[PDB]
Amino acid sequence: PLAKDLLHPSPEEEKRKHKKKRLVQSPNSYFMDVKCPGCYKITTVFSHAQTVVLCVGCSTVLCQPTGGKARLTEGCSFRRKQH
Amino acid sequence: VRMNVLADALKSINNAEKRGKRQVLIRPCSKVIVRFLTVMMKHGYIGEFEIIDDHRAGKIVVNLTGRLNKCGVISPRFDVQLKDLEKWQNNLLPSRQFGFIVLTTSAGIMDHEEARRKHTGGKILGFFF
Amino acid sequence: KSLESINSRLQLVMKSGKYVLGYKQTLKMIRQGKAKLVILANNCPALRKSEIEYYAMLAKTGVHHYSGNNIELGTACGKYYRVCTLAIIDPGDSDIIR
Amino acid sequence: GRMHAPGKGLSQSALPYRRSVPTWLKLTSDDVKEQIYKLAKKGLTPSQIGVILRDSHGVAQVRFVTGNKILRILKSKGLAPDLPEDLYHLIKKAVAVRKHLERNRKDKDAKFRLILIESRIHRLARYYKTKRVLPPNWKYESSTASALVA
Amino acid sequence: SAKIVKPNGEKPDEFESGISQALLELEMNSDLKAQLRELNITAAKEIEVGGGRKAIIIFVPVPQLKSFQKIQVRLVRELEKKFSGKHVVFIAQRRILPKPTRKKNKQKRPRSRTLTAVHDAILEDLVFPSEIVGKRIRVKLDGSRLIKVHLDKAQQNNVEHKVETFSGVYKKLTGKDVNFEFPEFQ
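Chains as they are written, first to last, in the deposited numbering: chain Sb, 2 to 84; chain SW, 2 to 130; chain Lc, 9 to 106; chain SN, 2 to 151; chain SH, 5 to 107, 111 to 193.
In short, the hints are calculated from the structure, not lab data. Some hints here could point you the wrong way.
[Said to hold, decoys possible] Computed cross-link-like contacts, PhoX-like style, restricted to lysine-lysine with a CA-CA straight-line distance of at most 25 Å:
| id | chain 1 | residue 1 | chain 2 | residue 2 |
| --- | --- | --- | --- | --- |
| 1 | Lc | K26 | SN | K78 |
| 2 | SN | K94 | SN | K112 |
| 3 | SW | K12 | SW | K32 |
| 4 | SN | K70 | Sb | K21 |
| 5 | SN | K42 | Lc | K87 |
| 6 | SW | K71 | SW | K60 |
| 7 | Sb | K18 | SW | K12 |
| 8 | SH | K147 | SW | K43 |
| 9 | Lc | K23 | SN | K78 |
| 10 | SH | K183 | SW | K32 |
| 11 | Lc | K44 | SN | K42 |
| 12 | SH | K142 | Sb | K21 |
| 13 | Sb | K36 | SN | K27 |
| 14 | Lc | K87 | SN | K93 |
| 15 | Lc | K44 | Lc | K57 |
| 16 | SW | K124 | SH | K103 |
| 17 | SN | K112 | Sb | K42 |
| 18 | SN | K76 | SN | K43 |
| 19 | Sb | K16 | SH | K142 |
| 20 | SH | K183 | SW | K12 |
| 21 | Sb | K42 | SN | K39 |
| 22 | SH | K70 | SH | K10 |
| 23 | SH | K58 | Sb | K5 |
| 24 | Sb | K21 | SW | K32 |
| 25 | SH | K58 | SH | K85 |
| 26 | SH | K183 | SH | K147 |
| 27 | SW | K22 | SH | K147 |
| 28 | SH | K58 | SW | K32 |
| 29 | SH | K70 | SH | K160 |
| 30 | Sb | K5 | SW | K22 |
| 31 | Lc | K23 | SN | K140 |
| 32 | SN | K43 | Lc | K23 |
| 33 | SW | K32 | SH | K103 |
| 34 | SN | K43 | Lc | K42 |
| 35 | Sb | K20 | SH | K155 |
| 36 | SH | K115 | SH | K37 |
| 37 | Sb | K21 | SW | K12 |
| 38 | SN | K9 | Sb | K20 |
| 39 | SH | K103 | SH | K90 |
Based on the provided sequences and hints, a complete structural model is requested.
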């Protein structure tokens with residue numbers, strides 16, 4: 002195709018491309034509020050966190066570092082942060 | 002490593018023009034590229050081009066009109082005087098009826114006809130025809 | 009992982025905490041009761057090692073047998089001389105848990 | 002491509018176009034500052050400080066929130082390390098490779114990697130002496146470098 | 005005339021005394037004066053935008069810009085109630101320093120004082136209820152430049168009616184054409 006619109010491409014092919022190869026760089030990661038069971042306080046953790054995240058109020062682990070994305074412990078709920 | 006941003010840009014426009022694409026994206030933008038493309042556009046060789054502004058070096062998407070043959074670059078920016086501008090002109094241009102040579106002068110980035118019009122030389126940048 | 013961790017904690021005790029290097033000063037610090045950790049290279053003479061262990065047992069202080077020697081213990085302390093015995097007055101870096 | 006490897010990887014970090022602090026971030030500039038200070042007393046290098054601050058305390062960029070970089074803050078309060086982080090780690094790697102090599106004569110691959118490590122060390126030291134971060138007479142001696150790291 | 009809150013280099017004022025009035029008889033409001041009495045104004049300016057619509061531009065010191073923006077969305081509505089049919093925008097005076105030419112001791116010019124930095128900075132704080140998620144510059148076939156600004160799209164309730172006034176004021180104190188649009192989700 003000789004007439005692809007480079008100025009206004011749809012968000013489908015924007016989300017499928019690499020982070021750097023997009024028209025404007027956008028990180029694929031996010032922040033996220035995790036609620037551990039049995040506790041009240043809300044912890045904000047990087048989605049791709051490289052370190053084990055602990056509560057200051059309980060000696061329980063929240064996420065375990067993996068290759069790409071931190072794996073939350075079972076029983077912990079989570080939501081996004083302003084999309 | 003990329004050492005001449007204008008060279009990579011101009012090669013990108015030339016390749017996309019040869020492939021018949023309607024738009025071309027050049028990744029590293031600069032003031033020199035903007036001025037060179039403005040010189041090309043004021044002469045009609047390219048359409049309206051748009052600068053995508055990221056907080057890094059921006060990107061430019063150029064609308065190609067299909068009337069460009071070659072937009073090469075002279076990588077060593079030789080000092081070009083008015084006395085030897087004619088030799089450059091008849092070594093780089095296809096003919097005397099058309100074809101334009103962009104050289105950066107003290108008055109700005111600007112083609113050789115207007116450079117001779119206001120009587121100034123400068124460093125060579127590139128050519129397009 | 010234990011050796012690199014103890015080397016890093018030893019480095020961070022230096023430049024940030026009060027320590028003392030050598031045998032006579034280590035015994036002096038132990039018998040004043042202000043040494044909190046005693047580190048012995050395995051190159052230590054066995055009589056000296058046993059006597060320092062007895063002193064620490066009397067003073068109720070911990071002994072760590074460093075897995076190097078006096079040369080590598082001196083290197084771990086950031087010095088260019090061999091140290092065979094050292095005492096930690098205060099860590100300042102959670103080497104000794106409160 | 003890589004400096005001393007035939008690799009052309011692209012794994013990087015795409016910093017977002019929004020430089021503004023997030024609304025949900027309740028931490029102000031000075032708060033992030035004492036976080037850096039306490040975690041500098043624990044011995045963490047600036048990369049680790051930024052990593053844990055992003056992972057646990059939810060701050061995206063220290064520079065975006067405070068206006069200054071982590072190393073600038075540490076240097077302003079005067080508790081920055083004497084050796085630069087990357088140079089310190091390169092010297093640490095060289096010392097580890099030499100310690101492995103003095104037991105293993107036949108590890109010529111380790112010798113090649115050691116040459117690469119010391120090449121990078123000397124180039125980085127030349128850069129740091131150019132910027133006057135290091136003393137002009139600062140030299141990396143393989144014999145005496147063991148006492149500088151770990 | 006009672007003009008109590010108006011510091012700047014020059015001593016007189018014209019019509020800025022009126023804004024200083026409307027700020028001083030903003031007393032006994034819904035608990036704003038406690039965090040507003042320590043605050044001050046640099047200058048004010050009325051310009052014509054759109055059709056027969058007036059817009060007021062308020063110039064403020066740079067150090068107090070953040071404290072102003074912390075309450076900006078609050079007091080804009082009372083200021084608009086005071087001056088009906090007009091839109092209020094808060095801009096910081098950034099003191100553009102001239103580019104050092106080749107023509111007796113001046114320090115290195117800070118990058119914050121450079122003109123391009125001043126212009127996009129005064130573009131950012133102008134639209135403060137939104138944020139710039141992207142900037143687009145079009146060269147319109149004759150050397151003229153038109154700048155497209157992409158806003159947050161998170162809010163569409165209090166900025167969508169001021170894009171004409173934003174473009175007018177930006178053309179007024181900067182001199183370049185800028186239009187505003189709201190893109191989709193990213």
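Structure-based check of all given hints:
As the CA atoms of Lc:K26 and SN:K78 are separated by approximately 22 Å, the hinted pair is consistent with the 25 Å bound. Taken as a hint, the SN:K94 and SN:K112 pair is honoured in the structure, with Cα atoms around 13 Å apart against an allowance of 25 Å. This hinted pair checks out: SW:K12 and SW:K32 have alpha carbons roughly 17 Å apart, not beyond 25 Å. Proximity of SN:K70 to Sb:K21 is assessed by CA-CA distance (about 23 Å); at most 25 Å being required, the pair is judged to hold.
As the CA atoms of SN:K42 and Lc:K87 are separated by approximately 22 Å, the hinted pair is consistent with the 25 Å bound. Between SW:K71 and SW:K60, the direct Cα distance comes to roughly 21 Å. Compliance with the 25 Å bound is thereby established for this hinted pair. The hinted pair formed by Sb:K18 and SW:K12 meets the criterion: a straight-line CA distance of about 24 Å does not exceed 25 Å. Restraint check for SH:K147 and SW:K43: satisfied, since their Cα atoms lie roughly 10 Å apart, inside the 25 Å limit.
For a cut-off of 25 Å, the pair hint linking Lc:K23 to SN:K78 stands: about 16 Å separates their Cα positions. Taking the CA atoms of SH:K183 and SW:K32, the gap is about 18 Å. The hint holds against a cut of 25 Å. Taking the CA atoms of Lc:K44 and SN:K42, the gap is near 20 Å; set against the 25 Å cutoff, the hint holds. A hinted pair counts as satisfied when its Cα atoms are at most 25 Å apart, and SH:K142 with Sb:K21 qualifies at roughly 17 Å.
Restraint check for Sb:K36 and SN:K27: satisfied, since their Cα atoms lie roughly 18 Å apart, inside the 25 Å limit. Under the criterion of a C-alpha separation no larger than 25 Å, the hint pairing Lc:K87 with SN:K93 is consistent with the structure, at around 16 Å. At roughly 17 Å between alpha-carbon atoms, Lc:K44 and Lc:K57 fall within 25 Å of each other, so this suggested pair holds. For the hint pairing SW:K124 with SH:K103, the CA-to-CA distance comes to about 23 Å; that is within 25 Å, so the pair holds.
Annotation: proposed proximity of SN:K112 to Sb:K42 is violated, straight-line Cα distance about 53 Å (limit 25 Å). For the given pair, SN:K76 sits about 16 Å from SN:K43 by alpha-carbon distance, which is consistent with the 25 Å threshold. A hinted pair counts as satisfied when its Cα atoms are at most 25 Å apart, and Sb:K16 with SH:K142 qualifies at roughly 20 Å. For the proposed pair SH:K183 and SW:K12, the alpha carbon gap of about 32 Å is over 25 Å, so the pair is violated.
Between Sb:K42 and SN:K39, the direct Cα distance comes to roughly 22 Å. Compliance with the 25 Å bound is thereby established for this hinted pair. With a C-alpha separation of about 18 Å, the suggested pair SH:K70 and SH:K10 falls inside the 25 Å cut-off, and the hint holds. Note on SH:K58 and Sb:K5: the hinted pairing is violated, with a Cα-Cα distance of about 43 Å set against a maximum of 25 Å. A C-alpha spacing of about 22 Å is found between Sb:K21 and SW:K32, which places the hinted pair at or below 25 Å, so the restraint holds.
Note on SH:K58 and SH:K85: the hinted pairing holds, with a Cα-Cα distance of about 14 Å set against a maximum of 25 Å. For the proposed pair SH:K183 and SH:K147, the alpha carbon gap of about 13 Å is at most 25 Å, so the pair holds. Under the criterion of a C-alpha separation no larger than 25 Å, the hint pairing SW:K22 with SH:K147 is consistent with the structure, at around 21 Å. For the hint pairing SH:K58 with SW:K32, the CA-to-CA distance comes to about 37 Å; that exceeds 25 Å, so the pair is violated.
Proximity of SH:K70 to SH:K160 is assessed by CA-CA distance (about 22 Å); at most 25 Å being required, the pair is judged to hold. For the hint pairing Sb:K5 with SW:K22, the CA-to-CA distance comes to about 8 Å; that is within 25 Å, so the pair holds. Between Lc:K23 and SN:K140 the CA atoms are separated by roughly 22 Å; this keeps the pair inside 25 Å, and the hint holds. Distance restraint check for SN:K43 and Lc:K23: the Cα-Cα separation of roughly 12 Å lies within the 25 Å cut-off, and the hinted pair is therefore satisfied.
This hinted pair checks out: SW:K32 and SH:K103 have alpha carbons roughly 17 Å apart, not beyond 25 Å. Taking the CA atoms of SN:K43 and Lc:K42, the gap is near 23 Å; set against the 25 Å cutoff, the hint holds. As the CA atoms of Sb:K20 and SH:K155 are separated by approximately 23 Å, the hinted pair is consistent with the 25 Å bound. With a CA separation close to 40 Å, the supplied pair SH:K115 and SH:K37 exceeds the 25 Å bound.
Our distance criterion of 25 Å between C-alpha atoms is met by Sb:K21 and SW:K12, whose separation comes to about 21 Å. A distance of roughly 16 Å separates the Cα atoms of SN:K9 and Sb:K20; the hinted pair therefore holds under the 25 Å criterion. The hinted pair formed by SH:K103 and SH:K90 fails the criterion: a straight-line CA distance of about 36 Å is larger than 25 Å.
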